[PDB]
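J.: Each chain, written out:
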Amino acid sequence: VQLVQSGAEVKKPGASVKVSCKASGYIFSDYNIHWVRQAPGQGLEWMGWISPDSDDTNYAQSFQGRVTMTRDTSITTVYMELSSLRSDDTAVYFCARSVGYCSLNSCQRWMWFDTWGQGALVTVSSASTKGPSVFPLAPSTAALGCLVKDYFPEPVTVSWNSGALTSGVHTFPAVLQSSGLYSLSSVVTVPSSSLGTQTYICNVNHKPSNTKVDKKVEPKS
Amino acid sequence: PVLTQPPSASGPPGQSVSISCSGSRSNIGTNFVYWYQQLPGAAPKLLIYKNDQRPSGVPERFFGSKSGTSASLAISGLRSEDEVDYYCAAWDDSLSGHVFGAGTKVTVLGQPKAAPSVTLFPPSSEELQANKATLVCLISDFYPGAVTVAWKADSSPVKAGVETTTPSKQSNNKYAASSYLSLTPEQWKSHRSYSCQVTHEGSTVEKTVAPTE
Amino acid sequence: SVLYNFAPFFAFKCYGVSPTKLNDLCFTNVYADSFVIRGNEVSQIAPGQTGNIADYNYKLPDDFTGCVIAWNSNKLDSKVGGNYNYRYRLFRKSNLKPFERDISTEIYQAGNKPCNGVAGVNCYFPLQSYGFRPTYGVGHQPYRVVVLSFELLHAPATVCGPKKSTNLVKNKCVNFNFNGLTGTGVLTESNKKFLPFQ
Amino acid sequence: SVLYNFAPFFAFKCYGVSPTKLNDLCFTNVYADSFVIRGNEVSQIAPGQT
Numbered sequence: 001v002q003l004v005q006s007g008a009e010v011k012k013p014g015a016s017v018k019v020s021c022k023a024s025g026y027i028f029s030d031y032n033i034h035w036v037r038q039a040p041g042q043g044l045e046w047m048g049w050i051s052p053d054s055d056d057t058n059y060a061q062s063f064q065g066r067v068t069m070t071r072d073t074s075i076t077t078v079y080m081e082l083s084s085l086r087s088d089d090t091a092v093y094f095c096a097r098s099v100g101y102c103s104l105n106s107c108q109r110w111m112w113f114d115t116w117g118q119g120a121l122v123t124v125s126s127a128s129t130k131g132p133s134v135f136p137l138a139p140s141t142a143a144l145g146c147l148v149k150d151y152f153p154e155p156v157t158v159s160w161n162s163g164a165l166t167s168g169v170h171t172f173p174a175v176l177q178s179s180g181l182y183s184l185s186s187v188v189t190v191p192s193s194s195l196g197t198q199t200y201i202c203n204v205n206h207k208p209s210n211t212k213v214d215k216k217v218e219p220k221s
Numbered sequence: 222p223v224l225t226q227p228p229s230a231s232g233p234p235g236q237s238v239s240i241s242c243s244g245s246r247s248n249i250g251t252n253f254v255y256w257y258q259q260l261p262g263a264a265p266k267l268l269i270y271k272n273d274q275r276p277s278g279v280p281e282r283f284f285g286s287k288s289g290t291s292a293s294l295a296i297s298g299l300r301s302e303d304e305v306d307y308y309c310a311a312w313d314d315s316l317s318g319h320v321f322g323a324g325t326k327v328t329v330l331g332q333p334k335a336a337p338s339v340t341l342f343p344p345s346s347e348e349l350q351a352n353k354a355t356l357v358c359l360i361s362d363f364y365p366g367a368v369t370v371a372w373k374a375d376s377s378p379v380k381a382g383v384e385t386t387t388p389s390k391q392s393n394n395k396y397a398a399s400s401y402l403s404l405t406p407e408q409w410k411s412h413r414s415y416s417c418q419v420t421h422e423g424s425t426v427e428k429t430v431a432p433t434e
Numbered sequence: 435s436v437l438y439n440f441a442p443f444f445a446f447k448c449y450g451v452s453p454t455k456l457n458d459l460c461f462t463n464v465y466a467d468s469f470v471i472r473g474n475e476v477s478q479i480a481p482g483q484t485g486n487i488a489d490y491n492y493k494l495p496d497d498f499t500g501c502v503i504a505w506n507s508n509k510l511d512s513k514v515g516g517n518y519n520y521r522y523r524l525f526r527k528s529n530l531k532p533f534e535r536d537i538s539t540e541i542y543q544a545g546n547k548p549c550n551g552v553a554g555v556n557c558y559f560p561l562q563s564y565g566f567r568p569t570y571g572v573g574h575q576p577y578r579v580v581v582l583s584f585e586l587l588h589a590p591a592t593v594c595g596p597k598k599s600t601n602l603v604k605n606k607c608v609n610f611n612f613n614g615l616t617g618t619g620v621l622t623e624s625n626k627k628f629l630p631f632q
Numbered sequence: 633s634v635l636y637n638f639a640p641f642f643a644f645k646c647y648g649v650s651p652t653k654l655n656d657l658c659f660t661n662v663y664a665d666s667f668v669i670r671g672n673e674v675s676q677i678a679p680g681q682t
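Residue numbers (our numbering), protein chains in the order written: chain G, 1 to 221; chain R, 222 to 434; chain U, 435 to 632; chain B, 633 to 682.
No lab work stands behind these hints, which were simulated from the structure alone.
Heads up, the beta-carbon is just placed ideally off N, CA and C, and yes, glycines get one too.
Treat the hints with caution; some may be incorrect.
[Stated by the list, open to error] Keeping only pairs whose Cα atoms sit at most 16 Å apart, straight-line, the calculated EDC-like set for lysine to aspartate or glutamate is:
id, chain 1, residue 1, chain 2, residue 2
1, R, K271, G, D114
2, R, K353, G, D150
3, B, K645, U, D489
4, R, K410, R, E347
5, U, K604, U, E623
6, R, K326, R, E304
7, G, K215, R, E347
8, U, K493, U, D458
9, G, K207, G, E154
10, R, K266, G, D114
11, G, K149, R, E384
12, U, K513, G, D30
13, G, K220, R, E384
14, R, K410, R, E434
15, G, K12, G, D114
16, U, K493, U, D536
17, B, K645, U, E475
18, U, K531, U, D497
19, G, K149, R, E434
20, U, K509, G, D30
21, G, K130, G, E9
22, G, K22, G, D53
23, G, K220, R, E347
24, G, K216, R, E434
25, G, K207, G, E9
26, U, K513, G, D72
27, G, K12, G, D88
28, G, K22, G, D89
[Claimed, not checked] Just a few of them, taken from the derived set where beta-carbon distance is under 8 Å, the chain B residues facing chain U:
id, residue
29, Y636
30, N637
31, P640
32, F641
33, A643
34, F644
35, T652
36, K653
37, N655
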């Protein structure tokens with residue numbers, strides 16, 4: 001059936017990341033496999049083909065020495081590594097696979113990606129892992145927001161009253177800061193009559209550091 | 222390298238939309254070109270292979286044929302399968318491997334315009350005692366998205382530390398811009414008032430919010 | 435003797451040479467080539483048989499005095515997922531002379547107009563990729579066919595069987611075998627001489 | 633040369649006249665038939681067969 005790939009999260013530049021492509025169901029000895037990367041806002045980009053029964057290795061004319069893959073027939077999985085990651089080469093990776101078996105350049109005329117396997121989109125960014133710095137926000141239908149600043153990596157989950165509030169919960173798209181961090185502000189729309197009776201709370205979740213703290217939001221006084 | 226493909230191709234339903242794929246002689250004419258489509262977060266699926274046969278489950282309105290140095294694809298009717306980007310798969314000897322297109326963004330056939338509502342929020346008192354000031358200002362409910370941000374405090378504009386991203390589709394089927402700035406609390410509290418100046422090409426609205434309440 | 439350790443054969447019939455008597459004769463200039471066949475045209479690799487396959491790719495000469503060795507291949511290179519490793523030349527302009535290895539990439543034409551890289555017209559590609567699956571019995575099945583050529587050029591014999599040689603005998607009318615040259619007569623010392631290069 | 637468009641030829645074995653050289657030959661009043669072979673009697677279309 002479909003293929004899988006063990007990706008990673010956002011990582012600092014100039015490091016090494018290892019992924020694992022594991023077959024499922026069929027005996028992984030007869031299908032030629034490929035790899036591909038698709039930049040955000042751009043198209044797919046070919047890397048190379050390997051066969052997990054013989055020592056045949058090939059690359060494209062742009063990443064000959066940048067990448068290096070390993071094959072394990074008995075372990076029945078395929079790893080490949082990315083070394084010294086830049087800011088533009090990072091993309092979503094799919095463990096491609098074509099039907100049939102051949103190891104010749106002229107064979108690729110009749111070789112196509114008949115079926116596709118799912119993968120992951122690990123990425124790269126320069127920043128430290130740490131909990132977000134949350135602060136209350138004052139309103140300018142009263143509109144108030146929740147402030148998160150300097151969180152790494154991306155994204156984070158924000159909610160009002162533990163997700164039980166449906167009063168215009170809007171999630172704005174993420175931006176990029178000049179300090180190598182990220183910031184967001186989700187603004188909700190509530191009538192001003194309910195602001196003076198019940199005070200809402202903002203819940204923030206951070207998966208890599210497990211920093212889930214509840215704060216109280218109020219106008220400035 | 223990547224093939225030259227038009228990314229902005231669309232049309233109303235009931236007529237034919239043609240998407241062409243330009244390539245070299247070794248890529249098109251001496252090699253069999255393929256056509257593929259993919260969904261965001263999903264694996265790509267096969268629609269046209271070898272430009273002669275169509276697999277099971279593929280609708281017959283898809284058509285991909287080769288006649289010269291540049292292949293092309295034609296579709297009739299845009300209901301549910303032509304609302305996502307496509308790709309042009311081919312093989313050549315320019316990189317000892319296959320090539321892929323740049324993505325043809327095809328939509329379905331606009332929306333009524335909406336007046337923007339600028340929202341500027343002063344920071345709370347917790348940042349004041351921590352010696353910080355995270356200036357925040359949002360503009361939402363406007364279409365199409367082409368605006369600029371003016372960090373004007375009615376005394377002197379400062380554009381140091383601007384964080385503005387491209388507009389994108391939101392949950393309310395509209396566009397909402399964002400604009401953040403970081404500044405010391407002394408310069409933030411020195412100004413008597415703050416505002417954000419945005420315009421939808423015909424109206425510049427200004428909000429007067431006093432930071433001293 | 436290593437030939438028989440390669441499964442039961444659909445082969446070992448030979449023309450112009452005795453397969454049973456493979457140890458007594460001695461010769462030289464041994465050439466061997468390996469390829470694959472579909473299975474329905476195994477007998478097409480033979481002198482005098484000319485069709486489309488083994489006429490545009492490898493035409494066996496009438497004067498070949500050799501034969502092939504082959505056996506069924508259901509577990510060697512036949513996979514359920516397919517095997518696209520082998521191709522062959524569909525179209526050629528004229529008949530191919532024997533012992534000529536040819537390479538072609540250009541598009542074969544079928545009209546009076548020029549045609550070098552144009553597709554979608556009456557010009558067709560002269561090659562196609564094999565599809566090998568167990569669902570085809572005889573029509574599409576790989577085979578371990580290897581052609582062997584024997585040359586009888588005037589030269590001392592180099593390669594033949596490992597049978598031991600006997601001691602020299604003189605002044606007796608016997609039968610002698612000198613590097614594959616079978617002859618009968620009485621052996622005597624040679625008073626004749628020549629330049630030592632023959 | 634136009635006969636190759638529909639399908640490539642399978643048997644191609646010809647008895648008597650050579651099919652390789654036919655442009656320089658002159659003849660008249662040829663007969664054309666059409667039938668089917670189920671597959672295992674392709675060699676049966678030959679003189680002297682049973």
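J.: None of the hints should be skipped; say for each whether it holds.
T.: Hint check results:
About 11 Å separates the Cα atoms of R/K271 and G/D114, which keeps this hinted pair within 16 Å; it holds. Between R/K353 and G/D150 the alpha-carbon distance is near 13 Å, which keeps this suggested pair within the 16 Å criterion. Simply put, B/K645 and U/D489 have alpha-carbon atoms about 11 Å apart, close enough for the 16 Å limit, and the pair holds. With a CA separation close to 14 Å, the supplied pair R/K410 and R/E347 stays within the 16 Å bound.
Between U/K604 and U/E623 the CA atoms are separated by roughly 8 Å; this keeps the pair inside 16 Å, and the hint holds. For the given pair, R/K326 sits about 8 Å from R/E304 by alpha-carbon distance, which is consistent with the 16 Å threshold. Between G/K215 and R/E347 the alpha-carbon distance is near 11 Å, which keeps this suggested pair within the 16 Å criterion. Between U/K493 and U/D458 the CA atoms are separated by roughly 30 Å; this puts the pair beyond 16 Å, and the hint is violated.
Taken as a hint, the G/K207 and G/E154 pair is honoured in the structure, with Cα atoms around 10 Å apart against an allowance of 16 Å. A hinted pair counts as satisfied when its Cα atoms are at most 16 Å apart, and R/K266 with G/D114 qualifies at roughly 8 Å. Distance restraint check for G/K149 and R/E384: the Cα-Cα separation of roughly 13 Å lies within the 16 Å cut-off, and the hinted pair is therefore satisfied. With a CA separation close to 7 Å, the supplied pair U/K513 and G/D30 stays within the 16 Å bound.
About 25 Å separates the Cα atoms of G/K220 and R/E384, which puts this hinted pair outside 16 Å; it is violated. Between the alpha carbons of R/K410 and R/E434 the distance comes to roughly 12 Å, so the proposed pair stays at or under 16 Å and holds. For the proposed pair G/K12 and G/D114, the alpha carbon gap of about 35 Å is over 16 Å, so the pair is violated. Between the alpha carbons of U/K493 and U/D536 the distance comes to roughly 12 Å, so the proposed pair stays at or under 16 Å and holds.
For the hint pairing B/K645 with U/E475, the CA-to-CA distance comes to about 12 Å; that is within 16 Å, so the pair holds. Between the alpha carbons of U/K531 and U/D497 the distance comes to roughly 13 Å, so the proposed pair stays at or under 16 Å and holds. Restraint check for G/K149 and R/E434: the C-alpha separation of about 24 Å exceeds 16 Å, so the hint is violated. Between U/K509 and G/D30, the direct Cα distance comes to roughly 13 Å. Compliance with the 16 Å bound is thereby established for this hinted pair.
Between G/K130 and G/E9 the alpha-carbon distance is near 14 Å, which keeps this suggested pair within the 16 Å criterion. At most 16 Å may separate the alpha-carbon atoms for a hinted pair to count; G/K22 and G/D53 meet this at roughly 15 Å. Taken as a hint, the G/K220 and R/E347 pair is honoured in the structure, with Cα atoms around 9 Å apart against an allowance of 16 Å. Distance hint between G/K216 and R/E434 is unfulfilled; the C-alpha atoms sit about 20 Å from each other, more than 16 Å.
About 11 Å separates the Cα atoms of G/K207 and G/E9, which keeps this hinted pair within 16 Å; it holds. For the given pair, U/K513 sits about 20 Å from G/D72 by alpha-carbon distance, which is inconsistent with the 16 Å threshold. Our distance criterion of 16 Å between C-alpha atoms is met by G/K12 and G/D88, whose separation comes to about 13 Å. Note on G/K22 and G/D89: the hinted pairing is violated, with a Cα-Cα distance of about 23 Å set against a maximum of 16 Å.
With 8 Å as the threshold, the beta carbon of B/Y636 comes within range of chain U, its nearest partner Cβ sitting at about 6 Å, so the hint holds. The beta carbon of B/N637 is positioned within 8 Å of a beta carbon in chain U (closest approach about 7 Å), and the interface hint is therefore held. Of the supplied interface hints, the one on B/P640 holds, with its beta-carbon coming within about 7 Å of a beta-carbon of chain U, less than 8 Å. Annotation: B/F641 was flagged as interfacial toward chain U, and the flag holds, the nearest CB pair being 6 Å apart, inside 8 Å.
Taken as an interface hint, B/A643 checks out: its beta carbon lies about 7 Å from the nearest beta carbon of chain U, inside 8 Å. Given hint, B/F644 at the interface with chain U, holds; its Cβ is 4 Å from that chain's nearest Cβ, closer than 8 Å. The criterion of a C-beta within 8 Å of any C-beta in chain U is met by B/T652, whose closest approach is roughly 6 Å, and the hint holds. Contact between B/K653 and chain U, as hinted, is not supported at the beta carbon level, the nearest pair being about 10 Å apart and thus beyond 8 Å.
Taking 8 Å as the C-beta cut-off, the interface hint given for B/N655 is violated, the closest approach to chain U being about 13 Å.
Hints 8, 13, 15, 19, 24, 26, 28, 36, 37 from the earlier list are contradicted by this structure; the remaining hints agree with it.
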